[PDB]
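Here's a solo chain for you in structure tokens, the form deposited in one PDB entry.
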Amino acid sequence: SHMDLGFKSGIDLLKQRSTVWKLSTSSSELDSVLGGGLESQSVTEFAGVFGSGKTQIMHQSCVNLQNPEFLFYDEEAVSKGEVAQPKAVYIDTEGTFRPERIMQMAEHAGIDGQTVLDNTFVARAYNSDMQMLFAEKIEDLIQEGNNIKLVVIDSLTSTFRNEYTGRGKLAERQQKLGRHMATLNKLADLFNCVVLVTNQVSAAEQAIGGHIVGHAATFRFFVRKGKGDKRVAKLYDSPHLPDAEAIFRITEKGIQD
């Protein structure tokens, strides 16, 4: 009864810790910094400038979800049915979803592009209202028998930024964002899935949204452009992992190395 009130005993916390599964990024170093891969029941943020690869990682994650081998879990804790026919939701904030990139990534990966597209729900959000409502509707998707295992918010803050210009209404912006973050954390946890969000950085080195976002994101990264198609992801916040940097590349095959 208590868990229905949003509470969890210390024992409930430990138990649920065993049902955590992870999704590979197709990058050795990146998976390593992640301590296995992208964790479920948590929100992972990739913040950087445009072209840094935040969106590539999002597309790559939708493809990988469709490869049974890219999902790592404790067999005696997570049944094979729990992760069967896994579906992905991609909330698109600026029209960044590219089906052809999904195909390309699928092909070079030996996955059926057709299947990734068929199992990835795309929601085009033109304002913060839609963005937040789509997130909440993910429960409805799961209620219609869709095993949503990956939620992608690309991007987390552009609609809020575009709607709240002026530090005179920043509090209203922060509260709405905090509400969205609670929703994102709620579905990662209640539906044992991984939630990923992309974000931008401001002038001195912080992801947009302040602490309201930061205190609510379990894993946080800054993504920088190396030379050429190289990228470096820096994990600077995680509950128990060490801060570390991982280098990788973005090619015709997607995320690699």
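Each form is matched to the other, and the largest set of C-alpha atoms that superpose within 1.5 Å is called the rigid core. Positions refer to the first chain, counted from 1. Compared with the form deposited in another entry:
- After superposing the rigid core, the C-alpha of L14 moves by 2 Å or more between the two forms.
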Second form
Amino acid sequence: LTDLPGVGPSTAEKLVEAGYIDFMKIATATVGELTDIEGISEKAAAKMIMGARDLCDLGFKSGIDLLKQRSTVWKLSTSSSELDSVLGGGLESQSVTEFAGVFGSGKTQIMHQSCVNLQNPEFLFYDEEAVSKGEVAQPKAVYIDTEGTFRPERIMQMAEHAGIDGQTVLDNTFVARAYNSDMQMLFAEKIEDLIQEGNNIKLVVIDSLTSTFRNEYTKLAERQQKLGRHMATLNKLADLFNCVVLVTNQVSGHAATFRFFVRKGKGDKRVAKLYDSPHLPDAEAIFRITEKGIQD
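Same protein, different state: after the form deposited in one PDB entry, show the form deposited in another entry.
FYI, this one's just the chain on its own, none of its partners or other molecules.
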């Protein structure tokens, strides 16, 4: 931190005690959030922010640099060929992907399958010139469980059928049981704390995203508010930590970059329809849910 303009030893200590330890977080901060640190003037805040942006080279980009930026996005396989294709390769890092659907359509299964897949190195697709092997090494997942449906047994079974070690998935997946929207939001805000403690968080799951909010603000206005702050935190986390963020929506409006509607097909079959994305056509993906997890 002292490399930053105006920042000396004591200011660097204050910054780290407020949780601002990397340049990117400072470069993307508002003067307000830094001045609210006290001991940190408004002029010093504007100076270190400008210095941070410069060290992170955050200005206008054009031509080939536009392609380079896009190449920093890596993708996580879903174990379904069809679903991966419709996704343009797999679940994207630096974006929030939402799976909505009726009860039993497979939302929680996909969340569990993703936690397992993260532990199979060959299921993370990336361009080696834009994403280094070290960036996706020892990846870990965070599962914020709002329903009480996380099942370690299911993790073990899906891992076994994929030929990877179940205990290893459990060891590298943090689960937070949230009973209301305050806990759900605080847990999401605390993921930055796990990352600074050395955990390479690369997958964040929120199952469910809207249940607590609907149960508490059954007030679309405020609800939408609190939910908007929650969504901004998820989108920022995805961008800044080059992380895949997945959320489920139990349906019977907000900022997701990819949105699916999953429905039941015959017995085993499920259909996932991508209905919103910034660059892909609407398309349907047929898959199945079996003891092996998600397949086809």
